[PDB]
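Novice: Each chain, written out:
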Amino acid sequence: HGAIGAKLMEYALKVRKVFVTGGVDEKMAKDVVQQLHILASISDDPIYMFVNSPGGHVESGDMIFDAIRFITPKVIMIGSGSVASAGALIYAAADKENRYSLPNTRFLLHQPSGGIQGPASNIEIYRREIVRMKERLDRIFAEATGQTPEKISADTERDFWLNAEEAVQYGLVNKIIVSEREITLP
Amino acid sequence: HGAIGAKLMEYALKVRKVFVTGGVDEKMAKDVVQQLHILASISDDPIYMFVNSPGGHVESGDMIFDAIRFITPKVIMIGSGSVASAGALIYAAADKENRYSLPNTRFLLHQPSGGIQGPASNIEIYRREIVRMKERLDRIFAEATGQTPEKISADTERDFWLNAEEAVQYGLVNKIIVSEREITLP
Amino acid sequence: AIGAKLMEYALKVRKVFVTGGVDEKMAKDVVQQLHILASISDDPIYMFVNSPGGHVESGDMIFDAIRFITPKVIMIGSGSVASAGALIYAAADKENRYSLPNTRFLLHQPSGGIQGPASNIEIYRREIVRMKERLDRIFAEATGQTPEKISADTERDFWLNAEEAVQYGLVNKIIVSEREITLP
Amino acid sequence: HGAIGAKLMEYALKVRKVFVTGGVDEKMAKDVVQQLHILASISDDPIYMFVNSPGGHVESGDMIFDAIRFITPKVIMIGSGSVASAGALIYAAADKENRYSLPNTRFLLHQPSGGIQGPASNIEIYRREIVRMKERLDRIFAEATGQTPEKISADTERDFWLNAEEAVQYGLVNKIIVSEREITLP
Amino acid sequence: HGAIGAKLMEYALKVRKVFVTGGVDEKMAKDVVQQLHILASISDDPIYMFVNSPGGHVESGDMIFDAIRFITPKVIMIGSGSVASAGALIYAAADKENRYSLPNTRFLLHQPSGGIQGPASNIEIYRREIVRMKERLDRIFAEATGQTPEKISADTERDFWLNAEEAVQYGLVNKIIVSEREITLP
Amino acid sequence: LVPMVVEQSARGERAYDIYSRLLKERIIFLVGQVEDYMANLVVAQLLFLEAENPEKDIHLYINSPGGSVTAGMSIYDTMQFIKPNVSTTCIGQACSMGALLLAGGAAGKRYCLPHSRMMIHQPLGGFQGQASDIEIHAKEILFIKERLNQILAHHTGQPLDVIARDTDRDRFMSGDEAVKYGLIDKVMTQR
Amino acid sequence: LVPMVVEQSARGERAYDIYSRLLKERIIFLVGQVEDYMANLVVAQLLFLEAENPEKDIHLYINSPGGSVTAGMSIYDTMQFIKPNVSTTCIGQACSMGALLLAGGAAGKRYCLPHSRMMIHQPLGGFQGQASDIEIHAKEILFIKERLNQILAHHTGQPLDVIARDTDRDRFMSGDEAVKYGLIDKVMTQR
Amino acid sequence: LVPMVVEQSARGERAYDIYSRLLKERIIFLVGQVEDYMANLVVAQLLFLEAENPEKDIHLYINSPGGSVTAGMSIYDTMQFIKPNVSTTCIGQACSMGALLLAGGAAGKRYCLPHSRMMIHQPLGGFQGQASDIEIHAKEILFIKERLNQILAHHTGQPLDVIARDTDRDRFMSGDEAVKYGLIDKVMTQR
Amino acid sequence: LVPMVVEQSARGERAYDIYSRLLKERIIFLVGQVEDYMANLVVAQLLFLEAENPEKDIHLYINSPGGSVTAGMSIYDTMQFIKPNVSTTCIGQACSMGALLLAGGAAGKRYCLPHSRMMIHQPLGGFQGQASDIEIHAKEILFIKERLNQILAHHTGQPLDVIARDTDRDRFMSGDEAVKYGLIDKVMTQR
Amino acid sequence: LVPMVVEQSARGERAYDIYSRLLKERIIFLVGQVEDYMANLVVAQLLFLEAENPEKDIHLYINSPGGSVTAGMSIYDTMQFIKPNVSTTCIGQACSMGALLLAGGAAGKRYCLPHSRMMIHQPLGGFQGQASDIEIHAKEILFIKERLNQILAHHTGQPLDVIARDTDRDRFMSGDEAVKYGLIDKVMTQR
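Residue numbers (the entry's author numbering), protein chains in the order written: chain V, 14 to 199; chain S, 14 to 199; chain T, 16 to 199; chain Q, 14 to 199; chain U, 14 to 199; chain I, 4 to 194; chain J, 4 to 194; chain K, 4 to 194; chain L, 4 to 194; chain M, 4 to 194.
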C-alpha cells in the first residue's frame, strides 16, 4: 500500500489537501499531523481537510485539534460522510468562517465512553478524568457552536445526530456547499 | 498490492481513468477520492469511472458521490459487472447524459440495513437515522431516474435487481455501449 | 517489487498473464493493463488464461473490456480453464482464439448460496436463471452451437480437452510455438 | 507503511520535527533514536519532539531519555494528548525552559508495574530491581519538577493524573502554548 | 516499515552508528553483521554501537561477538536500557577502553537456559553442550571484567543484576558518560 | 437442576421429576428451538397419553422461538391425527412454529397468557449449489410456504390473501389482537 | 455437588436433595441468568405447589442478574394468574428482570435482606436487518418497555412518568430506599 | 470421585456421601470461587439446619480465594438472620470475601489453623460505558466498599479509619496477628 | 471406570466403590495435583475417621507432583490436630508439597517404596502488578518459605540452615537416602 | 457403554459391571496410557485381592503403549510386595513401561499371545530451565535408567551390559524371541 499512497502523496502536497478517512487511531494521528507541519513549512497557503470517521481514540483527536491551531495557515474543513465524536472534535478545530459541509453529511455528538477494571480506589481516579474529559469537550463545542456548555451536556446525554441542515442552525456548520467554487477564502 | 498498483497507477493517471472494484470501504474511498482531486488539478478534462461493487459502507459512498459533484470536470460513469446499493449511489453521482453501461452489467437497489445492540432509548435514535437515510437515498435515485420517491421506496422494499436493458427503461442508464467509440463527450 | 519491476518490460511486449482464481483484485489489475496498453498503441495484445474458476461477475469486466478496447486481443489458453476463465476465453474473436495441446476446458452452471426468507430466495432464483441464460448465449455465439445444446451439455461438469474443444467450436487452432500464430 | 513515511522524511529532516506517537516499544525506540542522531549530524539546530503515548516499555524509554542528553542540540519538548509514565520519562529529558505543553494535554505519573513467575529466590531478585527502578524514576522527576523524591513517591502510589495547568504548578511544565509563535529559542 | 529504515541507512552509514534494539534473533544477526562489514569496507574509522536488548538466542550473539573481533575498525560500545545475557556477550566483544555506559543502564549476567525432550542418551549429550557453553561464556566475561571464572560462575548461578555504577567496580564498564563529547577516541 | 416430586399415591409413595409428574396430568412442554430430537419426545408423549385416555384433553404449552419446519409438521400432524383434543397455551413466545402449533389446537382450547407475544413469518431456508439444484429447492420452499398459509387460514378462518400478506414481514400480535385475528380463542387472566 | 437430605417423616425415611426438600415447603429458587429453560422449571414448580395447596403462601427467593424478557413474563403472568400469594425475598442482587418479579409479589409479602441491591433498567435488545425490519422491531421493544413500566407503577404505586424517568439509566436502591419507592414492603433484619 | 459413607443408625445402614454425612452434624463447606450457584447451596444448608435444631450451633468452614460480592452478602445476611450461632473455622486461606464471613461468625466461636493465611483488600469490579454510566457505577462500588468496612469494624471492634487504611492494599494476616486485630478469637493448635 | 467391590458383611451384601472400601480400613488416597477441591475431601475423610476410632492409626498414601500451598497446609495442620497417628506411605513420586505431608506423618509410621522418589524445592508463586503490590507479595512468599523449612526441620531433625540449602535447588532422594536425611523411618520391601 | 452382568449367587442376583465381574476372579486390566489415576486403581485392586486371598494367584492383562514412569513403578513395587503371585498375560502390545510389568510377574507365570508384540527402550523425558537444573535432572533420569535395567536383568537373567545395549534403541520382540531373551516363560496358544 505504500507505493500507491506514496505516489499519490507527491501530488497531494501540491494541492494542500488532507483526507482524514477512517477510525481516529494513533497511527493516523502521526500521519495526519506529519502532513500538516510539512505543508506549513512549504507555505502559509490554506489547507483543505476532509473528515469522515466513525469515531475512535479521543486523545488522538486532541493532537490534530491543537495541531491545526498550532500551525499558521488556516485550515478549511469540508465534512463528509459521518463526522463522529472524535471526527467532530477535529472539525471544531477550524474557525467558524472556515467550516463547510456537504449536503448528505452527518454529525454525531456523544459523551466520551471508556472501560475501567481494578480496585475501587483506582476506579475513583478514572471517574474524575472521565468527568473532566466530558467538561473539556463540552467547552470546545460551545466555542465552535456558540451554545452554552449546559445545553451541550443536555443534548450529549445520548447519541445526538445532526444532518447538514440541522448543524447550520445549531452553529456547528457555517455554510453548506456542493462545489469548490462556492468556497470563499479569507 | 501497493507496488503492483503503483506501476499501473502512473500510466493510468495520464489517461484519467478510475477503477472502483470490490467492496466500498473507508480505505477505497480515500484512494478513489485522492485520484479525483489529483486529476482535477491537472486539467478539467473528463474522467472515466468503472464501477463493480457488491455493496459496502453507505457513508463511504456519500464521500464519492459528493466528490464527483464537488470537482469541476465531468465524470463519465461506465458500469461494468455488478452494481449494488453503495455502487449505485456512486453511479447516480454522474449526470444522466454521462451514465453509460455495458451489456451484461447488473444493478441492485435495496434499502439500507444495519445492526443495533443496546437500550431501547438508543434504538429509538438509531431508528430515526435509518429512516432518514432511506428517505435521503430515495430522493437521490428519484432525481437521477426521474421516478417519484414513492415508487422507489415501494420497489426497494426487497432486493430489486435490474439488468442493462431494464435499467434504461427505469431511467437509471441513458445508453448501453460495447466500445469506447460509442461514447459521446459533452 | 517483483511485479512492478517485471511490469516495466511486460508493457513493451504487450503480454497479459491471467493466472489463478478470478477475484476482484485480478479484475482491477487485468483491466488496468488492457486500458494502459490500448493508450500506448493499437497493436495486438496476447492474453494467457489459466484459472480453476472464480467470481463470474469479475469475468464480465474482463469480457467486455476486451471488446471495449480497440486493439484485437489474442487469446491463448494454457493449463486449466473454468467457468470464469472460459467466459474470458470467449471474449476474443474466433480467428484470434488459440489454444495449447495440454489445455483443459470446463463448462458448468454457475453456483451460489442464499440464506433468508422464501421471498428473497425467489428473487435470487430469478437472477441465477437469467445469469445462466446469459452465459449460454455467450458461449453459443463463440462456439456456433445453439443455446439448447450448450444447456444440455452444461447440466454437469463438461470437460473438453484441447482437441475436443476444436470440434465443439470453442477453439480455432491448436499451436505449440509463437511462429504458428497468424495476425489479422 | 514505510515508503509513504520515507517519502515524507525528505522534508521532515529539514524541519527537524520528531513525532512520538503510540506505545513505547523496542521498534519505536530504534527509529526515534536514529532520527535524533541523524539530525544532530546535520546541524546543531533545535529539535522539536511531540510526545503522545498511553504507556510502554520502561527500558525502551531510557534510550530516548539519555539520547536527548547524549546529543548536542537542545531538544524542544511539546506535549500533546496523553503523556503516560513512559512518555513522561521522555518528557523530563528536556530542560525545564524547553518543556512546553498544549492546552488539552494530560500527564500520568505512576509507579512501574511488572510480573514475575518462578521460585521465591528469583522473586527476591526481581523485587530489588523494581524497588531500585522506583527510586531511580522518582529522582528523575524530583530533579525536573524541583520537588523532593519523598513527595513524588507519595503521589505516585496510585494513578496521579495532571492536566496542563496542574503540571505547571507541579513544576513538570514551564509554559503552556497554543501556537508555534509563542516558542522562545534558547 | 523497512522502507523508512532503508532510507535512513544512507545517512546512518555516514555517522557510523549501529543500533542493536530488541531481542537477539537470527534476523538481527544478518542486519547487524552486514552493517559492520559494509562500514569496514568504506574506512577503518571507529564505529559506535548501542546495545539494548532483553535477551535472545546465544548462538546469534556469537555472530556479533565474532564480527566485532573479525573486522579491523575498533567498535565503541555504549550501553543503553538493559543489557541481558545475549546483549552482554555483545558488550564484552569490544575492548575495555571502548566500553562505555549511560547513567541509567542495566546489566544482567545469568547462566544459559534451554529445553530438551527425548531419550535419556540424547539428554546426556545436551547436558555436556550446556556445560561447555556455560564455561565458555564464563571465560569471556572473566577476560573482559578481570574476575576469575569461578567468581563469575558463583555469581551467575542466579540472576545477577548490575547497575551502571556497580558494573564499573565489577570491571564490565570502563567509564560512564552522559554526552558524546566525553568519549575519548584511541 | 431438575427437582424431584413425590406423588404419595394410595398404593405407595413414588418419586417423579417435575416434568414427569406433570406428564401424568396430560401436559406436554415445548421449550427451546424446535429440532428432530426434542420434537420426537413430544410425539412420543402425545401417543402415550392417547393410549392412557383417548378421551381426556391434552394441554401443550409452547415457548419456542421456532425451528425446523419438518420437526414442527410431525407434531402438528400428530395432534390432528389423534382423537383427544390437544389444547394450547402460549406462555410468552411463539415466533414461527409456535404459532402454527398454537393455532393448530382444538377449537375453543387455544389460550395465551396476558403478556404473551406471538409472531408469524415465512419459513427461512438456506441452501447452496448449482442453478438447477437451486431451482428445485426454491420450488420446495415455495410449496411449503403455501401449505403453511393454508393451515393458518383453516384454523383462523381468515382468507389466504391476508395470511400471505401478513407473513411477508415479521408481524407482532398481542393477546387481544390475536383473538380478533383468529389465532387464539381466549386470553387467560385469572383463575 | 448437591447434598442429600433425609426428611424422617412418620411414614419412613426418604432422601431428598437440598433443593427438592425445600420445594415441599412452598419454596422456589431463582438463580442465574433468566432463560427459557430455567424459567420453565419455575413455572412447573408454581403450578405444582398450587395443586398441592391452593391456599398456602408460596415463597420465591430471587438472586439473579437478569435475562430474557419473555422468560420473565412467563413467571410474572403465572404468579398473578394463580390464586396463592407468591411472597418474594430478594437475596443478593435483583436486576431488571429480577426486580420485576420482586415487585410482582403479593402486597405486604415482599422482602429483601439488609445488604441487598435492587436495580431497575430498561429492556436491552439487539437485532440486525433492513430498515423495514428495524422499524418493526423498534416498535415491539418500545411496546414492551411501556408494559413493564405499567407493571411497576401498579405494584409500586408510583406514577408512570416517574417509572420511565428512573428506568432511563441504571438506578441502584438499597432496602430502605426500596420501601419508600414501593418496590418492597419490609426489610427482614433478624428473627 | 466423592467417597460413600455409611451412617449405621438405629433404623439401619444408610449410604451418605462424605459431604452430606458432615451436613448431618451441622457442618457446611465453602470451597472455590464464590458465586451465585455455590452460595445458594450454602444458604439452603444454613436454613435447613435451622429448622432441624434452631439452638445448636453451626460450623461453616471457609477455604476460598473470593469472588462475587453479592453472593457473599447473601451468606453473611443469612448467618446474622438465623438464630443459631454460626461458628467459622478457616482451613486453608481467607480472601476479602472469605474473611468477611469468617469475621461474621458468632463472637468467641471464630477459629483458624496455625498456618492459615487471611487477607483483606478493596472490592474488585469492572464496567464499560458512557461517562454517565461510569459515574453511577463508581458511586455504587464506593458505597459497597463503605458497607464492607463497617461490617469488619462491627465484628472486629477496630475504628473505621484503621480498616480503610488496612483494606486499601493487600494485607496478609497470620493466625496470631488476626487475634490482635479482632478478625478471630482463638487459634486451634491441637486437640 | 471405577470398579465396584462388595463388603459381604454379616448384616448383608453392600456395594462399595474401590476407594470407599479402603476408606473403611482408615486408608486415604492423595492422587494428582494438590488443589482446594481434592484437599477438602482428604480433610473430610480425616475428620470422619477420627470420630469412628480416635485411637486407630490412619494411613495416607501420597502420589502427587505438588500443587497449591494453601490446600496442602490444610491437610498438614489437620493431620497434626487430630489425635490418631497418621501413617504415611509414599508410592510413585513425592514432590515438595507431597513430601511435606509425608514427613509430617507420625514418628516411626513414615514409609516409602523401594523405587519411590522424593523431591523438595522452593515454593513457586506468580503475581503481576505495581511495585508496591510486588513488594507485599514478595514478603508473603518468603514468609511461607521460612515456615515450610521450619516444618521439615521439626520432623526430620536436621538444622534449619541445612534445609534452606537443600531446598534452593531440586534435590531428588531415594528411600535409603531419605532415611538418613530423616524424611522417613523405614523402607518397605516385602511382606 | 460398559455392559452389565449378573452373578446369580446363593444370596441372590447382583448386578456387576463387566470389569468388576472379572475382578472377583482375581483378574485386573491395565489398558491405555499409564498415568497416576489409572495406576492407583490397579494398586487398590491388587491390595484388595491380597486381603481376600493372599495365596491364590492373580492374572494381570497388559495392553498399553507406556506412560508415566513413576505411576508404573508403583504398580511393579506393589506386585513384588504382596505375597500372592501375579501372573502377567501380554495381550496386544507392551512398550517400555508396559513390558516392565510383564517382566515383573511371578517366575513361570508370564505369558503372551502368539501375535503379541513387546518393545523396550529408554525412559523418555524432557525438562527446560537453567544449566544447573538441567544437570540435576540429567542425573536423575540417568539414575532411573539404571534402576530399570537392573529390574529387567534380575527377572530376565541377562547381564546388565546386554540390557543397556538392547534398550538404547527400540527393539521389537515376538513371543518366541521373548522366551529366549527371558522376558517371558511360555507362549499361550490354546487351553
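Think of the hints as simulated: they come from the structure by calculation, not from any bench.
The beta carbon of each residue, even a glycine, is placed where N, CA and C say it ideally should be.
Incorrect hints may appear among the rest.
[Stated by the list, open to error] Partner residues are not named here, just some residues of chain V that face chain Q (Cβ under 10 Å, in silico): (1) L26; (2) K27; (3) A42; (4) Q48; (5) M76.
Novice: Output the indices of the hints that this structure fails to meet, ascending.
Specialist: Violated hint (a single one): 2; every other hint is consistent with the structure.
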